[PDB]
Amino acid sequence: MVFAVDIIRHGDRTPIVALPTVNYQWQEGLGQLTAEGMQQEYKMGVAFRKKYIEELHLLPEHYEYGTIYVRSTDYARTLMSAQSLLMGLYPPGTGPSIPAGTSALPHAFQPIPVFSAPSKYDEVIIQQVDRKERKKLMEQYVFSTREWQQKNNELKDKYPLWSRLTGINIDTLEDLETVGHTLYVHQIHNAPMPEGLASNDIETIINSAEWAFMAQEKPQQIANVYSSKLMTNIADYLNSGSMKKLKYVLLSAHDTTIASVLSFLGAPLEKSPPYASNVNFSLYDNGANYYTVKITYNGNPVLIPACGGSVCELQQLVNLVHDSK
Amino acid sequence: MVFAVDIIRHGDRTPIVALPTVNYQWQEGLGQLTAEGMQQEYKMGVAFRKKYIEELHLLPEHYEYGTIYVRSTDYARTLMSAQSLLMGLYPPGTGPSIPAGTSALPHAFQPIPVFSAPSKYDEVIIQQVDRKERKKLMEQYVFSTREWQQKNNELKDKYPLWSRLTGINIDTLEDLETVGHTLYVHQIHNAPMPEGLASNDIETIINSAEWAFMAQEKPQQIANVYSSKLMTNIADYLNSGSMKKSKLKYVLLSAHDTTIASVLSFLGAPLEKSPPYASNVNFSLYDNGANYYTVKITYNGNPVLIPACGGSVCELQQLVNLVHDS
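Sequence lines, in order, name chains A and B. To convert, count from 1 in the first sequence and add 82; that's the numbering used here. To convert, count from 1 in the second sequence and add 15; that's the numbering used here.
Just chain A, same shape as in the assembly:
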């Protein structure tokens, strides 16, 4: 293993939006990484150190300039996720000392830069898409399917009821997604639910929200629009990595990021990426200047139909990404 790229999802977080009908203030603020989420990312970093540094020696024991590049989206939760993980990757005890003295920072913490860009100006991770173009894509590839239509028809009679009880307007199946996600975070943190909302309905809304989310991520043509830039960059990192200084890239991102990438590669999800999810690209030098990339998702090889499995030859992956643009 001569090079690796990790995409991560952030750790456990508070809801993105409040339920208007529920009086409950999240101590951390809305949309924020929790203590539990920090520890998840830290633990992942600890595993990354054991794999990348202790076992494979891809990276050195102490942080070294020019060997790693870390990039996050423009959110507190992904920025803090990257800082938390890097605390595991390069833990207190490994940070620099001042010449002829003691450690630079308390407990010899190691600072590591996490670069970023606003979503509107991100040349690496996030692709901006006009609302009109997004709608066209969805109506062409998602809303127009029998499955989406049937699902909405079976549920829509309860949309006025749920709109009332949640305080969030639900006109279409897509609207159910934000509600279900909030209800889900409330559930697993044991927070108060909207009163009057029957428990089976909560199950239906959460499950429907997951289904609709995954259905929107499913079409490869949409993944091509949203993930082409990110995949182009990742291909370029790997390609550059195959040249006999940089050894590791970490991209701190979202569940959309991961689902769209897997869908891009022809392994679309039907179960939303858990917290601290990880898509990994590892580069291998098979001698004779022949390089391969194995792609893994939460520890399981990704079946990429284009490569007949989870191992692509390098230029095959570069061409695959280019062709889908």
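Treat each hint with caution, since some may be false.
Stated by the list, open to error - Straight line, CA to CA, 27 Å or less: simulated DSSO-like cross-link-like pairs of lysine-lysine:
#	chain 1	residue 1	chain 2	residue 2
1	B	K171	A	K202
2	A	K353	A	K311
3	A	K407	B	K135
4	B	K244	A	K202
5	A	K327	B	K150
6	A	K202	B	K311
7	B	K150	B	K135
8	B	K311	B	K259
9	A	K311	B	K262
Please keep in mind that the hints were generated in silico from the structure rather than gathered at the bench.
Take the given structure of chain A and dock chain B to it, following the hints.
The following block gives chain B in isolation, referenced to the frame of chain A:
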């Protein structure tokens, strides 16, 4: 105190441009924050916690989302400076615990997000200025002054020698700036110096580099081009903080010596000396209780004498208008 904005300079760093004639490997890499610089920033963060949290209680004891906003330029050295300072502001021991009760991170460290943007897409700190426009500004306001031409004329006989000894081409006084800044970084680390370069000359070059730096930063019209955007944002932050409709209390802007010098020049108070490491320009918003808001501006501990305000204190709208008028 109702609200504060700090602009900081990063801590001690390695040279941006290596001296090609000196065999000396900067282990941190070029243009990077050193261990010494990390500690300088940390210490400043410790002092910021003593002031904003322990004494004034502007900020809470533990980090709270929405009470602070931290923004950095697109450089490892400013990002790491911000991170080191924030280790002082909210130190190990104040970080959160998981539900079970134990520390989320080792030593109860506190993560704090430091936002940024590429220099070409930065709506907050950095103003992009074309090489053509910079040359035009410089020719009009700086390179044409009697003082600039005279200092150049009195040094230039030694430009061929210094070019050879340092391995950096020096044709004009402006070229000397990079070289002097690199010599200065070598000097304050006691790193090796170029073979044959006299101590007298090293001093001349370093001092000339500082002088030229300050001369380029001096004109208010240049500062207007480079710092209008940043100052508009800082006035907007202060103005919003006066309205008491938001939890935001503090903005930290992690930047450069140019950032500092240009802001002060912008306000009509250009520097005569290069900003040291971990320099700090502070804007503090005060409320007299009768809806009268003032902003006191301080640079490395000293009140900034702002001609438009007649001192270091502007009334809020006065400062807003000053910024808008430039």
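Status of the hints after comparison with the structure:
1. With a CA separation close to 48 Å, the supplied pair B:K171 and A:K202 exceeds the 27 Å bound.
2. Using a Cα cut-off of 27 Å, the hinted pair A:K353 and A:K311 holds, with the two alpha carbons roughly 24 Å apart.
3. Simply put, A:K407 and B:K135 have alpha-carbon atoms about 25 Å apart, close enough for the 27 Å limit, and the pair holds.
4. With a CA separation close to 19 Å, the supplied pair B:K244 and A:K202 stays within the 27 Å bound.
5. Simply put, A:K327 and B:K150 have alpha-carbon atoms about 36 Å apart, too far for the 27 Å limit, and the pair is violated.
6. Taking the CA atoms of A:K202 and B:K311, the gap is about 35 Å. The hint is violated against a cut of 27 Å.
7. This hinted pair checks out: B:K150 and B:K135 have alpha carbons roughly 19 Å apart, not beyond 27 Å.
8. Taking the CA atoms of B:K311 and B:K259, the gap is near 18 Å; set against the 27 Å cutoff, the hint holds.
9. Under the criterion of a C-alpha separation no larger than 27 Å, the hint pairing A:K311 with B:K262 is inconsistent with the structure, at around 36 Å.
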